[PDB]
Structure formats: structure tokens, C-alpha cells
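**Student:** So the chains spell out like this:
There are 2 protein chains.
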Amino acid sequence: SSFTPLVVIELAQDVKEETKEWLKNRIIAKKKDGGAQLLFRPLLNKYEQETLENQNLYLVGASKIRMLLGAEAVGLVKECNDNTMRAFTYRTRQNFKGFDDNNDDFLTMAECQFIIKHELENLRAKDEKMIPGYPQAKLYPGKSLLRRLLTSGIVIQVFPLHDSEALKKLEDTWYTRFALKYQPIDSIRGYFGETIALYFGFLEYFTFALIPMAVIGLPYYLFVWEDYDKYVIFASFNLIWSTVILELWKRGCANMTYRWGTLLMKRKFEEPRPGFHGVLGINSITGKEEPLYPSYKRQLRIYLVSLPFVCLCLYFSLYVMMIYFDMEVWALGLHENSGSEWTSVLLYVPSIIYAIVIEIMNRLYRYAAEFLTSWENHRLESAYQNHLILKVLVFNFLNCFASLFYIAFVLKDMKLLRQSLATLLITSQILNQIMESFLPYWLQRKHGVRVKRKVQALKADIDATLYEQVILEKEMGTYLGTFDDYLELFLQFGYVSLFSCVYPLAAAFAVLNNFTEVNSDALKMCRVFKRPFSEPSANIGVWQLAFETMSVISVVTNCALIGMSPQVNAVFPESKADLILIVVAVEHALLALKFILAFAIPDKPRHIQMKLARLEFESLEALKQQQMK
Amino acid sequence: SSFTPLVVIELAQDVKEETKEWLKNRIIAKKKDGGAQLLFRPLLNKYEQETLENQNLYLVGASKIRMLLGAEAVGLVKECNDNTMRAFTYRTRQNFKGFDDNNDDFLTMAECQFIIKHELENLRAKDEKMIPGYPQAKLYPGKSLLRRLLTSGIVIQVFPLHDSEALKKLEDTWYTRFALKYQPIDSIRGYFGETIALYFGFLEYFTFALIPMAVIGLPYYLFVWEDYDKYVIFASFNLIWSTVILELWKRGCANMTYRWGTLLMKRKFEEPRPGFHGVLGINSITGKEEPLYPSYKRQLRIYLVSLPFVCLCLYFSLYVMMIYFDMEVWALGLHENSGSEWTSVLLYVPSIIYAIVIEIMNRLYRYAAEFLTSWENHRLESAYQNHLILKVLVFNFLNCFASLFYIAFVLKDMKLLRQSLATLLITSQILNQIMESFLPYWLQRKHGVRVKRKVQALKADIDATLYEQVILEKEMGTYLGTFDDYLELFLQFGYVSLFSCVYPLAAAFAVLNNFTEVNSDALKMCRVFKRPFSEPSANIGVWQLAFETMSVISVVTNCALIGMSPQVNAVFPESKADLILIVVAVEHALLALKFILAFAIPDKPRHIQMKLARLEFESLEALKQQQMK
Ligand SMILES: CCCCCCCCCCCO[C@@H]1O[C@H](CO)[C@@H](O[C@H]2O[C@H](CO)[C@@H](O)[C@H](O)[C@H]2O)[C@H](O)[C@H]1O
Ligand SMILES: CCCCCCCCCCCO[C@@H]1O[C@H](CO)[C@@H](O[C@H]2O[C@H](CO)[C@@H](O)[C@H](O)[C@H]2O)[C@H](O)[C@H]1O
Ligand SMILES: CCCCCCCCCCCO[C@@H]1O[C@H](CO)[C@@H](O[C@H]2O[C@H](CO)[C@@H](O)[C@H](O)[C@H]2O)[C@H](O)[C@H]1O
Ligand SMILES: CCCCCCCCCCCO[C@@H]1O[C@H](CO)[C@@H](O[C@H]2O[C@H](CO)[C@@H](O)[C@H](O)[C@H]2O)[C@H](O)[C@H]1O
Ligand SMILES: CCCCCCCCCCCO[C@@H]1O[C@H](CO)[C@@H](O[C@H]2O[C@H](CO)[C@@H](O)[C@H](O)[C@H]2O)[C@H](O)[C@H]1O
Ligand SMILES: CCCCCCCCCCCO[C@@H]1O[C@H](CO)[C@@H](O[C@H]2O[C@H](CO)[C@@H](O)[C@H](O)[C@H]2O)[C@H](O)[C@H]1O
Ligand SMILES: [Ca+2]
Ligand SMILES: [Ca+2]
Ligand SMILES: [Ca+2]
Ligand SMILES: [Ca+2]
Ligand SMILES: [Ca+2]
Ligand SMILES: [Ca+2]
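Protein chains in written order, with the deposited numbering: chain B, 13 to 641; chain A, 13 to 641.
Since the hints were made in silico from the structure, they are not lab data.
You may find that some hints are simply not true.
It does not matter which identical chain is used: a pair holds within one copy or between any two.
[Unchecked claim] In the DSBU-like style, the derived pairs of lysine-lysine whose C-alpha atoms are separated by at most 30 Å in a straight line are:
| id | residue 1 | residue 2 |
| --- | --- | --- |
| 1 | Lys623 | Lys309 |
| 2 | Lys300 | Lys90 |
| 3 | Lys636 | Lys623 |
| 4 | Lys424 | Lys150 |
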């Protein structure tokens with residue numbers, strides 16, 4: 013009753029006492045009795061008439077030997093004394109670096125909350141056919157208790173607790189408000205898990221990978237050096253540099269994910285996602301009882317409902333693009349009509365209105381695609397994430413770059429392309445930084461001041477540092493994965509690299525954004541959202557394919573912008589049939605050299621590959637010594 | 013002394029008696045005494061004055077429990093009773109299908125010879141600093157005995173024995189001399205290992221994958237249907253069909269290699285190859301003692317000696333191409349000079365001479381590249397094979413298709429392109445089938461008749477069925493891997509798919525070749541060569557990338573041949589700048605649709621993926637039950 017709280021479970025209001033005692037008896041009971049062996053506590057041992065509306069919050073922690081056995085059960089990969097990353101076991105626990113028998117600093121709070129979430133997830137029902145007290149909670153043997161408690165509306169949320177004394181010491185070394193500074197990815201990892209640290213490492217890498225593009229492209233646009241090289245040197249430098257940074261990110265990510273251990277953590281078998289419903293049956297792979305869904309019904313629900321909706325949304329995005337171009341022609345006629353002083357500022361208004369309409373339509377399509385992909389009854393979470401990423405990537409690519417493609421390849425007017433690209437990039441980045449972190453931080457500050465003034469007017473002997481913290485973090489927003497935060501970088505790379513020939517200055521407009529975003533997203537993790545659960549990840553995932561596809565599409569787009577400028581057309585003034593052949597030959601040579609650069613450089617580095625080969629050879633020698641005895 | 017001989021070891025002539033008794037004491041001795049526990053025998057217990065020149069051949073076999081323990085040591089994957097492919101262990105040996113305690117039909121002769129070769133390979137020296145009787149044989153602890161006996165010229169060759177009563181029952185169902193017949197890949201596997209069976213399965217697949225190309229392209233060339241579709245339907249059909257067959261081969265190969273078990277055999281750690289010499293030192297990965305070579309010396313020996321030699325050989329191939337074109341112009345002038353009757357046959361002579369010079373220069377470059385890649389001191393065998401495949405593929409692509417590229421894209425004369433492509437393909441295939449299998453089979457028949465007539469004039473009580481067989485198979489040729497046999501199919505796919513627009517009939521010229529090659533290569537494995545050692549292989553390897561690169565290059569080549577025909581140029585007679593743009597757009601759409609087809613179709617099939625997921629889940633449940641106890 014004096015332990016450290018790690019995970020808060022918030023029950024619903026209308027929850028009977030029998031379900032509460034049954035959940036408390038299924039949490040505290042030992043691992044041999046079908047429980048989880050976690051220390052359980054109410055938020056307050058006593059209650060008064062004021063705090064009766066907060067009577068459902070419960071705290072879950074455990075003891076040290078329980079956390080070490082849970083780390084054995086999860087499969088954490090820690091550093092041994094001989095500079096080797098091996099899986100953690102309780103029988104071989106003395107081989108690991110920084111471990112004592114009396115050390116509470118071995119497993120960090122992020123790993124402890126991950127272990128408690130994994131032990132609450134692996135809390136299955138064996139004998140019970142229903143939840144005691146609730147009729148409709150259909151429980152089959154082999155079904156997780158927490159998933160059915162979350163879907164049926166009994167457990168509202170399970171969230172870990174922020175540590176207000178280790179978050180401040182992270183924030184002191186995170187906000188690079190003064191100048192350039194290397195981001196502390198290891199402390200970000202030790203506080204937030206590995207997925208958030210991999211995102212912040214990718215953002216720190218992508219910031220320091222557009223700096224050669226911005227530095228080369230800043231006098232290339234101001235001093236106009238397009239006369240001397242005629243768009244051949246700079247375009248080749250941009251495309252080769254994009255391939256080089258997208259391969260060296262894979263090398264640095266292999267180095268980082270070996271340094272944390274998640275390169276060696278095995279692939280855990282995935283449970284059906286919360287919201288996959290079928291008929292009860294025998295799972296073919298595992299042999300246990302699971303919901304089953306026929307695959308032809310899922311393929312019909314995709315290829316007859318989702319794909320026509322995606323095509324309708326792409327057509328509606330093109331229709332809004334045509335409305336914007338009619339508005340642009342109307343504003344140009346109004347500039348031709350009225351005057352000179354107020355009719356130059358009037359040309360920047362419809363692109364700003366179009367950027368706001370783009371950032372509204374993207375969120376509306378995001379809600380529609382989340383509903384339409386949660387409707388197709390996807391089994392795993394990886395397949396649901398892949399389908400959602402495909403839908404959102406296709407519509408966001410079309411809706412963001414359709415007007416720029418229509419300016420560049422139909423109107424062929426580079427001045428309007430420069431103006432529209434700069435206005436779209438700057439307005440979308442500013443509205444992204446306002447709606448993403450700053451306005452939710454202001455609303456969170458207002459809510460925190462209100463919760464503080466409510467807690468200070470109390471009539472009980474409450475230790476305020478814990479109850480006040482749990483009440484404040486109950487009403488915070490949850491983190492919905494690192495999907496929008498990679499999508500913003502994908503659209504930044506799209507605005508930079510697709511039209512870097514006709515407008516390299518936009519690359520600088522990414523770097524001056526990222527110098528804020530490294531701060532801003534950090535604030536979004538620190539004072540805006542709840543603490544996310546730690547998730548091990550070995551790579552960025554499917555985003556590597558998306559960034560490489562962007563870098564491949566930008567080859568064709570950059571060469572088509574080379575073959576339309578007045579600089580290259582002065583070389584071939586009369587014969588426009590050899591210009592297309594030379595531009596297509598340069599484009600195919602750049603694609604071949606890009607694929608040769610992506611295939612030649614190895615993905616893992618040299619010493620990481622040697623360490624994985626040593627880790628394989630030690631297991632092979634263990635197998636040989638088991639065979640020999 | 014009455015066992016079945018499986019592996020023949022041929023010693024050299026000048027070998028002292030002490031080395032023979034030391035090798036015999038290191039073979040027969042048990043596994044705990046540092047030996048191999050194999051039954052060893054001389055070829056003949058007695059010798060007369062006639063057979064004294066064949067006194068170095070020795071036979072190696074073993075007993076049944078020894079072969080089962082060696083199958084446990086190797087890691088064979090056999091079928092359990094519950095339709096599951098698990099690794100073979102002697103303690104769990106009763107779970108497997110078709111196994112008795114008194115059954116000599118469980119492990120086939122190919123698997124037994126592979127196990128005996130693996131036990132002779134894993135015969136290491138511990139105490140001895142040199143081979144007893146030979147001073148220069150430098151032996152370090154951790155060095156294989158058979159490798160040092162092979163490199164120092166004491167053991168001449170180690171080869172398995174043909175089974176003359178199971179080869180006939182394979183040959184009865186292999187030679188499809190009558191008509192079309194499905195090739196027995198499982199019996200080919202059970203006799204020849206998995207690599208030869210994967211090659212013959214790929215040849216059987218590639219024969220039945222050019223039949224739609226030949227059947228569609230036979231009236232497309234005779235009835236000239238190029239007027240109606242204008243090269244758009246047929247080219248798209250060819251490129252989509254090449255992508256579809258190169259993905260369905262990966263699906264069928266996953267199915268076959270799961271059906272044999274080599275999809276689940278673990279990657280064995282590779283010893284340094286026979287001919288990698290450096291300085292003696294500590295291996296960083298394994299920790300034992302190995303030869304070490306500095307990587308910068310190897311990179312210098314590649315990028316300063318090998319690459320200039322490859323560039324010089326490509327320049328010499330272009331110079332021989334220019335000599336052939338001067339000869340072609342001279343023969344055309346001679347046809348203009350002399351007459352009509354004998355001056356039409358004279359146009360086919362210089363292309364035949366060029367095909368013979370191509371097939372001579374390819375073998376000369378193959379010898380030069382084998383010497384130049386065995387000179388760079390490559391450590392593993394996979395790296396040596398990859399470098400040799402790169403050199404031979406680049407030179408053979410250039411030397412075979414340089415004249416056709418010069419006709420198609422410089423001269424732009426489709427009649428000479430049809431004549432030269434048909435003559436090069438037919439003459440190269442005929443000379444390939446003559447020099448590959450038929451002439452070595454005739455020489456082997458002559459040598460076998462001579463060896464038979466020598467053995468029948470004997471003066472001893474020799475059981476002739478074994479000694480005669482070992483003497484005949486001593487002087488046969490060895491199989492140098494499945495590299496030339498995939499290279500022939502690569503060049504066939506190059507001659508078919510690069511110029512399938514202007515000459516689809518050549519696709520038929522592949523199928524009428526393969527209907528012989530399925531027979532001919534089979535004869536090359538049956539009555540020409542020694543029995544190859546069984547090698548497990550899960551795929552064709554790097555040849556998938558080579559066939560996909562050929563299918564990608566053929567998109568650009570087919571579209572460049574579309575944009576030069578008189579059929580497509582009649583659509584755009586005046587504006588030749590929109591024709592190039594439309595052809596390049598069709599080419600990029602075909603490349604995008606080809607990559608979408610290669611990414612959309614999964615590599616492994618559905619049920620193979622379910623079986624691998626079940627095999628992973630059973631091991632995860634075993635780990636969980638080990639953790640719970
Ligand atoms: C151009 C983009 C610029 C982006 C800048 C982003 C960063 C701005 C804010 C930096 C300081 O961040 C600030 O840190 C302090 C702690 O030191 C936080 O304070 C909070 O925690 C402390 C410590 O428990 C409490 O005493 C305090 O009452 C509470 O409000 C505050 O809520 C946060 O706002
Ligand atoms: C992946 C395929 C890549 C292809 C890349 C090239 C594609 C387009 C090539 C042809 C367009 O190239 C060129 O474009 C311009 C418009 O910008 C056309 O017209 C313009 O030419 C110049 C441009 O300063 C002006 O002097 C002229 O008055 C105007 O008509 C021109 O007739 C065409 O020749
Ligand atoms: C892997 C294979 C790689 C290469 C494949 C592609 C090779 C394409 C080679 C094309 C060479 O063919 C080349 O075509 C251009 C038109 O485009 C010709 O150009 C000529 O005709 C065009 C059309 O009437 C005129 O506009 C132009 O002023 C004139 O020079 C040129 O004389 C010829 O030499
Ligand atoms: C278009 C291309 C056509 C390719 C045709 C390829 C096949 C042609 C030969 C087919 C028959 O193959 C033939 O089989 C017999 C066995 O039955 C072989 O005979 C050999 O083994 C048998 C059995 O131990 C011995 O009795 C015999 O003395 C020995 O020569 C012979 O060497 C081989 O040549
Ligand atoms: C990846 C890039 C792919 C590009 C594909 C297209 C490349 C070449 C395009 C231009 C060549 O297209 C065309 O070729 C022929 C030669 O075959 C040229 O010349 C010929 O045209 C026709 C061909 O029956 C004849 O009537 C004429 O007398 C002759 O000069 C023509 O001027 C050019 O217009
Ligand atoms: C991801 C991006 C995908 C698309 C990228 C490539 C887009 C290229 C679009 C090019 C359209 O530009 C198009 O160029 C051709 C020349 O090539 C022009 O053609 C015109 O000029 C040329 C040159 O003087 C004349 O030969 C021809 O008879 C005339 O019609 C045409 O009027 C214009 O409309
Ligand atoms: Ca932002
Ligand atoms: Ca962000
Ligand atoms: Ca790579
Ligand atoms: Ca042949
Ligand atoms: Ca062959
Ligand atoms: Ca695939």
C-alpha cells in the first residue's frame with residue numbers, strides 16, 4: 013500500500029461491485045492461480061462528498077522480482093558484461109551490466125510500464141463464460157480480459173503515469189531554443205520507449221539531411237546559377253543526395269536499434285485487433301479458439317466499397333482544385349481591374365484559402381478513412397495500419413500536389429509555381445504547427461490551471477502530488493501513434509524534393525520548420541499528451557518505402573521540369589525531339605544510378621553485422637554442445 | 013568389410029605409408045577420440061601386378077546409427093507424423109514418417125553421401141602442427157583436415173558413387189523423348205540433391221512459361237497483326253507475362269523447397285574457401301584461429317586490376333563486333349558482285365562465324381574471370397560466386413547483345429535485325445547443345461568402352477561391379493555447379509524478351525530448344541558427369557535479380573523498338589515530339605505496373621505461410637512452457 017504507482021486503470025461509472033472484486037481478485041492473484049501477481053490499490057483509501065465523481069481510478073504497480081520475471085516473460089534485450097546484447101532471464105541475471113540485487117535503477121519506468129501493460133494484456137479467461145455481473149460480455153477460453161473490458165465499456169482507459177521529476181531533467185536537455193544541438197535520443201528512449209525515440213532520431217536526421225540541399229540551393233536560386241550548369245549538376249546532386257540520406261538513415265537506424273536491443277527482440281505473435289469481429293471458431297495457425305472472418309467478404313468490402321470512396325474523394329479533391337483555379341483567375345482579373353497597391357497582396361489570398369481548405373479536407377478524409385478501414389474487419393493491427401497508410405498517403409499526395417502538378421505540367425508558368433509552392437508550404441507548415449501542438453498546449457495549460465484551482469479547494473487530508481497528478485492526466489489527450497508525425501515529414505520531403513529544380517529555396521523552408529518542430533513535437537510529448545506506452549520498434553516500417561517512392565517520383569518530376577525551362581530549351585532551339593530523348597536518357601541514368609546506390613550500400617553497418625554474426629555463432633555453438641553431450 | 017560404399021577418396025601416387033595410416037586412424041576412430049567414426053576400406057584387399065597403378069582409391073561408408081547421428085548433426089528437416097516439417101534428432105526419431113528401427117530406406121543415398129561429406133569436412137586438427145610425413149602442410153588448430161589434404165595435393169578427389177540400379181529407374185521416367193510430360197522433380201531430388209532438382213524445376217517452369225509467348229507470337233509474326241494493335245497490346249502482354257512468371261516461380265519455389273525441407277534448414281556458418289590465404293590470426297566473429305586478409309588490399313585488387321581487365325574485355329568485344337560488321341558489309345558487297353543463287357546463302361555465313369567467335373570468347377573470358385576472381389582472395393564462397401556472376405553476366409550480356417543493339421538502335425534495319433537475331437540464337441543454342449552434353453557424352457561412351465575392354469582383360473578374382481564402377485567414375489568429369497546451366501537460360505530469356513516486339517518467333521526458338529535441353533542436361537547428369545554432392549538450396553539465389561533486371565531492361569528496349577517501327581510512326585507522321593512522349597509515358601506506366609505486380613503478389617503462398625506461422629508458434633509455446641516451469 014506504499015508502492016510506486018505505474019499504471020492507472022480508470023473504470024466506468026456504472027460498474028457493479030462484483031465486477032470490481034472479480035477484477036481485483038484476477039489482478040492480485042499469483043501466476044499459478046491464473047492471475048497476474050500485480051500490486052493493486054485504489055487511488056484514495058477514503059472518500060468525501062466532493063471527490064465521489066472520481067471513485068473509479070485505480071493504481072497498478074508491482075515488486076522488483078515481479079518486474080524481473082515480467083522482463084523475462086516479455087523478452088527485453090539488455091547489455092551483458094562482455095559488451096553483448098542478450099535476452100534477459102532471471103536465472104542468468106548477474107551477467108548484465110549495471111545490475112545489483114538491491115538496485116531499483118536497472119529497469120526504467122518506461123520498461124516497467126511496458127511490462128505491466130504486457131501482463132495486463134496477457135490476462136486470459138479460462139473457466140468464465142461471461143464477465144461476472146455483465147450479461148453481454150461474451151467470454152471464450154483464450155480471450156484477453158482487458159480487451160473485452162475495454163470494448164464493452166467497463167475499463168475506460170489504461171494509461172501509464174508521467175514522472176514529474178524525470179521529465180524536467182529531460183526537458184532541460186531537449187529544448188534547443190538557443191541554437192543547434194544534438195538531440196539526446198538515449199534519454200528520449202529511456203523515458204518514452206523506442207518508437208518515439210526512433211521518430212525523434214529520424215527527425216533529427218532529416219533536419220541534418222536537408223541542410224546541404226538548403227545551403228546549395230540558396231545561392232543557386234538567388235544568384236541564378238542555372239545558366240552555367242543548365243539544371244544538370246543540381247538535379248543530379250539532389251537525387252543522389254536523397255538516395256544517400258535514405259540509405260544512411262537505414263544504417264543509423266540499425267546502429268540505434270542495436271544500441272537499444274530492439275533489433276534483436278523477436279516478433280511477438282499478434283492478437284486480433286480490438287474491433288475484429290467474426291464467428292467463433294478454431295484458429296488454423298495457433299489451434300486455439302478465435303474469431304474467424306471469410307477472406308472473400310473482406311476483399312469484397314475493400315474492392316467494392318473502400319476503393320470507390322477513395323476514387324470519389326480523389327475526384328472531389330480535383331474539383332476543389334478547379335474551384336481554386338477559378339478563384340485564382342478571378343483574383344487575377346480583380347488585380348487587373350482595381351489598382352496597384354492592394355492588388356499585389358490579393359494574389360496571395362486564394363493560395364492561403366486553398367491551403368486551409370487542404371488542411372481541413374485532409375482531416376475530414378482522415379476521419380472517413382479511419383472509419384472505413386475499421387469497418388473492413390482487419391485481423392491484425394499491421395494490416396489495418398498498412399491499409400490506412402495507403403489510403404491516407406494516396407489522398408494526401410494527390411490533394412497536396414495536384415495544384416502544383418497542374419501549374420507545372422498544364423499551365424507551364426513557373427512564376428505562379430514558385431508563388432503557389434512557397435505559399436502552400438509555408439501556410440501548411442504554420443497551420444500544422446498551430447493545430448498540432450501550440451493550441452492544444454494552450455488548452456492544456458488552461459485545463460491544468462482549472463484542475464489545480466479545483467484541487468486546491470479541497471476538504472480532505474489528501475496527498476495532492478499523486479491524486480492531483482492522476483486527475484490531471486485523466487483528462488489529457490492520448491497519443492495516436494507516430495503516423496501523423498511521419499506524414500508531416502513525408503509531405504515536407506514531397507514539397508522539397510518534387511520541385512527542387514524550379515524552386516530550391518523551399519528546402520530552406522523545411523529546415524526553418526524542423527528547427528521548430530524538434531522543439532514543438534517535444535512539447536507535444538511533454539506537456540500536452542499522456543505518457544504513451546513504450547513500444548519496441550526496429551525501423552520506421554513502411555515509411556522507408558514511402559520515402560523511397562517519393563525520391564523515385566521526384567526524378568521524373570525534376571526531369572520534366574528540366575525539359576520545360578527556357579534555359580535547357582536554348583540548347584535545342586529547333587529540334588525539340590532530341591531534347592526529350594536526352595532528358596529521358598538522363599532520367600533513366602539517374603534512376604539506374606539511384607537503384608545501384610541503394611543496392612550497393614549495405615543496410616546494416618560493418619560492426620553491427622559482425623556483432624549479429626557473433627550472436628548467431630554463439631547460439632550455433634550452444635546447439636553443437638547440446639548435440640555433443 | 014561388407015558394407016555399402018558411398019564416398020570414394022582418391023589419394024595421390026607419391027603418398028607415404030605414415031600419412032595413410034594417420035588418415036585411416038583419424039577416420040575410423042570415434043567422435044570422442046577426435047575422429048569421424050566412418051567405416052573405411054581399401055578398394056581391393058589384394059593387388060596384382062596389373063592393378064598397381066590404381067592403389068590409391070579408398071571407400072568410405074558407415075552404419076545406420078552413425079548416419080542417423082550424422083543427420084542430427086547436419087540438421088535435415090524431415091516430415092513428422094502430423095504433416096509437419098521438423099528438424100531430425102535421434103532422441104525424437106520415432107515421430108517421423110516412414111521410419112522404422114529396421115528400415116534402411118529412410119535416408120536416401122544422396123542424403124547419406126551428403127552426411128559423409130559433411131563429416132569428412134568437419135574433421136579438424138587439434139594437436140598436430142603438421143601432417144605426419146609432409147613438412148609443408150601447415151596445420152593450425154581449427155583447420156579442416158580434408159581441405160589441407162586437397163590443397164596440398166595428397167587427397168586428389170572426394171566423390172560420391174553412382175547407383176547403377178536407381179539411376180536406370182530415374183532415367184526411365186526422365187527422358188521425355190515422346191511428347192510433353194511433367195518432369196519428376198521429387199525423384200530428381202532424391203537422387204541428385206536439391207540444387208540440381210531446383211534447376212530442373214526452374215527449367216521445367218521456364219519451358220512452360222514461354223509457351224504463351226510462342227503461341228501468341230507465332231500468328232503475330234506470320235499474319236502480321238502489328239497493323240491492328242500497333243505494338244501496344246503484345247508488348248504489354250509480354251512484359252506483364254514476364255513479371256507474372258518471375259513471381260509465380262518464387263511461389264512455386266517456396267512450395268517445392270518447403271516440400272523438401274530446405275526452406276527451414278538454418279544457414280550454416282561458412283568456412284573460408286579453398287584458396288583463401290592470408291596471415292594467421294584471431295577471427296573476430298568466431299574467436300578461433302583463421303587466416304585474415306586486410307579488406308583494403310582486396311578492394312585494391314578488385315578496383316585496380318579486375319575492373320580495368322573487364323573494361324578491356326568489353327572494348328575487345330566491341331572491336332570484334334566492328335570486325336563482324338565490316339565482314340557483313342564485305343559479304344553484302346560480294347552478294348552485289350557475283351550472282352543470285354550462291355549469294356543469298358552467303359549472307360548467313362558471317363553471323364554464324366560471329367556466333368562461333370562469341371561462344372569461343374565467352375569461354376576464354378570465363379577462364380580469365382575464374383582466374384582473376386580466384387586471385388582476389390575472397391573469404392567465403394558466396395562472395396566469390398557473386399563476383400564471378402557479376403563479371404560473367406556483364407561480359408556475356410555485352411558480347412551477346414552488342415551486335416543486336418547496334419543493328420536496332422544505330423543502323424535501324426529490322427530485316428538484318430531479324431536475320432541476325434535468328435541466326436545468333438539458333439547457332440548459339442546448337443553449339444551450346446553440342447559442346448555442353450552431346451560431344452562429352454560421345455567421349456564418355458568411348459572412354460567407357462575402353463575402360464570396359466581394359467577391365468575384362470584381367471587376371472584376378474575381382475568383383476568387377478564395384479572396382480569397374482570406381483575406375484570408370486574416377487576419370488569422369490566433375491560438375492562445376494549450376495552456373496552455366498542458369499546462364500544459358502538467362503541468355504535465352506535475353507534473346508527472347510529484349511526484342512520480342514520486332515521478332516516474337518524467337519520465343520518459339522527457345523521452346524524448341526528447351527524440349528531438347530530438358531532431355532540433354534538430364535543426359536549430362538546421368539551418363540556424362542560424376543554424381544554431384546547434394547547441396548541444400550532454398551532458391552535459385554542471385555539469378556532472380558538477374559532475370560528481373562533482364563525483364564526491366566527489356567521494357568526500355570521493347571519501347572525503343574516500338575518507337576522506331578513504320579507502324580507507330582504512321583500515327584504521328586509530322587510531330588515526332590509527341591511520339592517520344594507517348595512512348596516514354598507507356599514505358600514508365602509499364603515499369604510502374606511491373607513493380608506494382610511484383611510488390612502486390614506475395615512471395616510465399618498462403619498455406620506455406622500458415623505452416624511457417626504454425627512452426628513459429630509451436631517454438632514460441634515451447635519457450636513459454638520453458639519459462640513457466
Ligand atoms: C518556435 C517553437 C518554440 C517552441 C517552444 C516549446 C517549449 C516552450 C515551453 C518550455 C518550458 O516548458 C515548461 O516547463 C515547465 C517545467 O519546467 C512546465 O511546468 C509544469 O511543471 C512544473 C514541474 O512539475 C510545475 O512546477 C508547473 O506548475 C507546471 O506548469 C510548463 O508547463 C512547461 O510549459
Ligand atoms: C519523363 C519525360 C520527361 C520529358 C521532359 C520534357 C517534356 C517537354 C518537352 C517539350 C516542351 O519544351 C518546350 O516547352 C515550352 C513551354 O514550356 C514550349 O513553348 C515555349 O518555348 C519557349 C519557352 O521559353 C518560348 O520561347 C516559346 O515562345 C514558347 O512557345 C516549347 O514549344 C517546347 O518545345
Ligand atoms: C537499352 C536501350 C537504350 C537506348 C534506347 C533508345 C535509343 C534511341 C535512339 C534514337 C536515335 O534516333 C534519333 O531520333 C531523332 C528523333 O527523335 C532523330 O532526329 C531527327 O529527326 C527528328 C524528327 O524528324 C527531327 O525533329 C530532328 O531535328 C532530326 O535531327 C535523329 O536523327 C535520330 O538519330
Ligand atoms: C534432341 C535431344 C535428344 C537427347 C537424348 C538423350 C538421351 C539419349 C540416351 C538415352 C538412353 O540412355 C542410355 O541408358 C543406358 C541404360 O539404360 C546406358 O547404359 C549404361 O548403363 C547400363 C546399365 O548399367 C549398362 O548396361 C550399359 O552397358 C551402359 O552403357 C547408356 O549409356 C545411356 O546412353
Ligand atoms: C526510352 C526512350 C524510348 C524512345 C522511343 C523512340 C525513339 C526514336 C523516336 C524517333 C525515331 O522515329 C523515326 O525513326 C525513323 C527511323 O526508324 C526515322 O526515319 C524514317 O522514318 C520513316 C520510317 O519508316 C520513313 O518513312 C523515313 O523515310 C525515314 O527517314 C524518322 O525520322 C523518326 O521520326
Ligand atoms: C509525374 C509527372 C508525369 C508527367 C511528366 C511529363 C509531362 C510532359 C507534358 C508535356 C506537354 O507539353 C507538350 O510538349 C509537346 C512537345 O514535346 C508540344 O508539342 C508541340 O511542340 C512541338 C515542338 O515545337 C512540336 O513538335 C509539336 O508538333 C507541337 O504539337 C505540346 O504542345 C505540349 O503540350
Ligand atoms: Ca508541424
Ligand atoms: Ca509533428
Ligand atoms: Ca542497400
Ligand atoms: Ca544448351
Ligand atoms: Ca544447360
Ligand atoms: Ca512479391
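**Student:** Please go over all the hints and tell whether each is borne out by the structure.
**Tutor:** Hint by hint, here is what the structure shows:
Proximity of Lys623 and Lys309 under a CA criterion of 30 Å is satisfied inter-copy only: 23 Å between copies versus 46 Å inside one chain copy. In this homomeric assembly, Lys300 and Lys90 come within 30 Å of each other (Cα to Cα) only across copies, at 26 Å, whereas the closest approach inside a single copy is 32 Å. In this homomeric assembly, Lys636 and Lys623 come within 30 Å of each other (Cα to Cα) both inside a single copy, at 20 Å, and across copies, at 27 Å. Neither within a single protomer nor between protomers do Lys424 and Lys150 lie at most 30 Å apart by alpha-carbon distance, with minima of 62 Å and 75 Å respectively.
The earlier numbered hint that this structure contradicts is number 4, and it is the only one.
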